[PDB]
Amino acid sequence: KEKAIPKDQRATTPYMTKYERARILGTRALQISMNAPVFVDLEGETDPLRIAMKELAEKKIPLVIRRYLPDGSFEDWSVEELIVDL
Amino acid sequence: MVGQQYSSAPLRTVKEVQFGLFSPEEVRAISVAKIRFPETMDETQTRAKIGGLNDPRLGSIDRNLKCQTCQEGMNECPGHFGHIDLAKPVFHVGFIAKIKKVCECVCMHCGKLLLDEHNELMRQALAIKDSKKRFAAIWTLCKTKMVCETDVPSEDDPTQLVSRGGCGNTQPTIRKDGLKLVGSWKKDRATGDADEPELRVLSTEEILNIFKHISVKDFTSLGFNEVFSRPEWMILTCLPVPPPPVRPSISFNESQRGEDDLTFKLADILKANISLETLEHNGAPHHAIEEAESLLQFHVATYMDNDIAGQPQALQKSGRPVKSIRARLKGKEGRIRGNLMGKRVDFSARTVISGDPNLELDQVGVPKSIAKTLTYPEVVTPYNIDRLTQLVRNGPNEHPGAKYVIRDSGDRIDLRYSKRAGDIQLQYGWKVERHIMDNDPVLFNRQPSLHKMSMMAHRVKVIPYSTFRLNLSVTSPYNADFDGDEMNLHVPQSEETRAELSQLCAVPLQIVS
Amino acid sequence: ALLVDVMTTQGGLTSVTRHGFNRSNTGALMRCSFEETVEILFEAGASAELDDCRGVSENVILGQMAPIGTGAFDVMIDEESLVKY
Amino acid sequence: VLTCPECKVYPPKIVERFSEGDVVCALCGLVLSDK
Amino acid sequence: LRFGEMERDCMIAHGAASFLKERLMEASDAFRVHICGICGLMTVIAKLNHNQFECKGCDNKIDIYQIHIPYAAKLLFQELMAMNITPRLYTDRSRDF
Amino acid sequence: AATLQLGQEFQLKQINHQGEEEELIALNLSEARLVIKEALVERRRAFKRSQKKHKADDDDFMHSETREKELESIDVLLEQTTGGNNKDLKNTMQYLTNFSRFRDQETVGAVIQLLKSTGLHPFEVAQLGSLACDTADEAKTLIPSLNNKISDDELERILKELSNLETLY
Amino acid sequence: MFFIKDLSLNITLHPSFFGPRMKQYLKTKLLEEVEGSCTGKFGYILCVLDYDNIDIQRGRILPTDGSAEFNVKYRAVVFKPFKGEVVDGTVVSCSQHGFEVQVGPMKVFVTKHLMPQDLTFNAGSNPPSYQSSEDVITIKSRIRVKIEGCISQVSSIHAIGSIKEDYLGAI
Amino acid sequence: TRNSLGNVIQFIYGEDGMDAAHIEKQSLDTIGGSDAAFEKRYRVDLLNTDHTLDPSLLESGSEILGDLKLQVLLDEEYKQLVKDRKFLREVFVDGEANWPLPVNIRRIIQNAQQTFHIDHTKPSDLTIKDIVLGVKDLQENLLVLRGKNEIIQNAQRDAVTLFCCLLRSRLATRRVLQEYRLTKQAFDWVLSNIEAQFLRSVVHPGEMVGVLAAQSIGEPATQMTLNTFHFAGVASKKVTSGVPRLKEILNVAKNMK
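Residue numbers (UniProt numbering), protein chains in the order written: chain A, 70 to 155; chain B, 1 to 513; chain C, 1369 to 1453; chain D, 21 to 55; chain E, 1128 to 1224; chain F, 24 to 78, 108 to 221; chain G, 1 to 171; chain H, 856 to 1112.
Everything labelled a hint here was simulated from the structure, so no lab data went into it.
Pairwise CB distance ranges (calculated):
1. B:506 to F:32: 52 to 62 Å
2. B:157 to H:1013: 54 to 64 Å
3. C:1385 to B:257: 39 to 49 Å
4. D:28 to A:110: 47 to 57 Å
For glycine and all other residues, C-beta sits at the position ideal for the given N, C-alpha and C.
All chains should be built: construct the whole structure from the sequences, respecting the hints.
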């Protein structure tokens, strides 16, 4: 647990890349398509990808991204606190 | 979900690949069948001879009988290794140069390095961590000391001589003739004899004995390893025999088995070995023994590499060269560049293109039959069970429809033979392999794929006729026109893959190059 | 700029050939991928060379997920937000 | 010997789908061996 | 259809590891192999009906691992080992042993 | 373990999750049976408390009149705590109950104190708690580790005292 | 032999169980999978201590299937013998080749070559047993067996023991 | 930018850490031109009749004249512009002005003028203090590297130097009040839009830049063959260039033709 960086000493970008966005959407779409509970008010949609986008819009995806520094340490960022461009 | 079986061993991922070399002890311990006969299959011509090249303990490739060692079908048996014992040690065709180089750098009698810590140049060489340069420098330095020094001047005082235990004998000069390593002794001029270097072919067993006498500090200094890479192992004593998976037999009919080249070469190796053995114990003259050893060395050398410089090529009974192991891996069509970096795939199509001005920028017209052949494994959930049920009822001869139904347990029901298009009731977690439907992402490309923008994602639209359809503005990134060009279509088979094709490689996102 | 920096990063001019890149310190399978396969394999065996399986070629040979873009990070579950709902 | 574990009918009726690399029971449609 | 080297390079340029892995292994040739945890070789004999796992050379019946690799990689490793070279597969957490 | 060859997996010094060295813990039939019974009844009490949260009798289980009543209580405990999917646990518990040398906690504590007052190896102590030997030489032969390590008079005294401590059924 | 050890396990939770009650599902999975199992590295898994004090680790969603894998550490009481161990047990079955003794959850077999000749097989007795001058061994008779070897498979461990020397048999 | 072994090839990708598709050609106006044109364009003086602001441009033009703090600020700005001219002429000794850079400031200003229906025939309500402080703060709010020790600070300033030079070149006080005639609302809008469009141009970690660079270099190499022999049209200019020259550069040949 020595690798983990304290929250105050986080020196990575506070925006989320396109790769992280695509990975998160894919994971959430798979979990929804495997009958996982939905955290938002579904309105007439039957596609897991669109419901994943909808959950992302209200920032309700309960996932955490771990970013690997080259030496081996890592930095943990919640999906709620990552700024997503539109 | 690979193997169609269950095992309790945990799944893990490869992290390191530590290379090395077999010791003969390892070849013996690993092997399960000491091959003994130059024949494969019995005199009844119905079963393989036990102890032959096709011993059942190694395994079988056929789909009816199972392996004797593990009792598994041909789709689960990896294959097990045999071994063959050699009468006399044989040089390995891939380390002749290294053997000679390390032979010239070590005394032929006392089995020790010609130098030690006293010399400054040895300190410089031992200061280098790079093994390759270290060995090259040590070779180019110590190739010129033909006599071992018994006493060396002390570093503190050049007038003081300290004995290093050297034997003081005279080392030869070694040259290579074909597969033979011939030495020449240049006797000292003070001996009174002429400066005629006596020539002799060095015996492999003597060289093996010399190498076996080297120590650990010299192990590290030369650039070898104690556990994995000892030099004594560079000379062959026992030859491992690969299982029949590596050399599969192609059977046209019940009694028509065309065997691989590798097994023919191995049979010849064993034949020569038994001939040399039966001449060895019969008290034959030395000339015949030398000739037989040369023949054995030739066969073992050309079994692995068949392109050796300055020798004839081992030919087949029809005149073609024998495809050795090296020729399997070295080519462009060999394993590395033909079966591990690029390979043929499933769920793909290839067809000519055309132009459609009514299609949107990022939409591709897919013919009907190509849409009826490729599929997608959709998961049954509360949101789709009605449409999926109607799709299953439709069958495989109608678009839209389905072609297979996978249960929770991994079993897969072919909808065509099972009358149960109108019978199967679907549950939560089953999978329907349905046709590709409008607005499914696909990957689409043209060869050669020179740059990033030549492989892009698209949304499907099912159309009649046999051509693909494209918008007339994407023909510039593809460098493609419509006078006969064919392009390739690849279908993703998951949700993560579909999201990657829709959020990374889409045509809208590839406009500013 | 990147090509030039790669070509002159070892203190000297390293040509883009086998002599320059296939004699580098990189992984064994990576180097044997092109034009000197069997000899590099022999030398790696004789010297007891250790491969680390971090480059693209080593993760393509072994059929795994290379750390390339979407594969550069790990996705993990946050229990606090899940319980909070 | 290759038999369907659900029909339990002897002798088993089996059809090989070469173009799909499958072995299929001709009664329940079950897929027995692949590739 | 051939998914060549140029295609692999283009997919690396885009940055889609999952598509690459699915195309390479799940769509062409996936294989499951039991490897020994001590010598790191493919010599382990497994009787799956009786779940009997044995390594003859090292006398091992506990440290045995399941790995998912292509089939051409297994062929390459066997052909390498048929010339007295040892490609010794190891696991991340095998340094403890 | 004739020569006390316990291997790495069962070393005398154990490294716990806290990282501190601890003496290896060995329990005989009585200690293990009491521990597992206590754990099972505690789990049953926790389950009942949880059920009451979502929405007296336990004193009779630990105090058993007879072996048969104890076995019936054990069966009820397994039905209400295990689910009946674990036959090996039932067999082990039956073996513990049928051949438990000591039923009361205080007597088991007395046996532990008597065996470990001399400071013998935990393996030997657990073996002596499991085995009832009439003579010191019988135990010494059946426990080769006890040879050369304990005086015969001390072993005879311990065995006689343990035999006296056995509660009549 | 009963011992306390520290164990760990990797458990995969299906995506359909992803809710606020995930800890309960993990606890149920652990209890239902681990208790009563047998591992050749640590013997039979008899019991798990401090059920309320189960240690947990953060999930790591697998990139291939979406099932969340968790690493769970705990302390457990397990049973495993060693070479040369002497254990009391109960006779299960009687045969001419020897006998079988249940000790804990395991079986140790003794072959007729591994007992002194004074013990003779009596088949006419009900049940058939071994009779000697002093010791008689039969069903439900406490018998001490010196375990000589053990064979470990995925789900069980068999043992072979000998009583060839003195002070062995009925107690 | 590193490789599989961890060796650093570049301490920053491209030396400024920008994506290759967020970069357009823009002209640095400080480099070129004679000293008289520079002085007329960028110098403002509140005490000399030669270089005053016409009061019909600034709403508070009457009262500001003769002030002291304002001329100190303008003097600091002019010193900064002079130093920028010296540095930029040190870098590009050829005197060229068009270079690729992020963010098209001209289009942002044109959008501000088109959206707010700015009428040039009326005085503007801006303040010299506000313009200068706003430009300086916007420079303070441009970030590519987010370390905390001095090394990362120096690296980040080195990265953003040239863009700060262009930004100072376009948003000078006289240019704002006399050439654009922006109001306060439009000025705030321009500053916010500039910051937002800059922050979206950084390169995304995880990008495989090696294969991108290799493809970019070697795609035109395929078409280079066609026009290699144009120098073949001059017989007395038999100098190797084209495919053979690139081959010799790559091989590091020790015997050039």
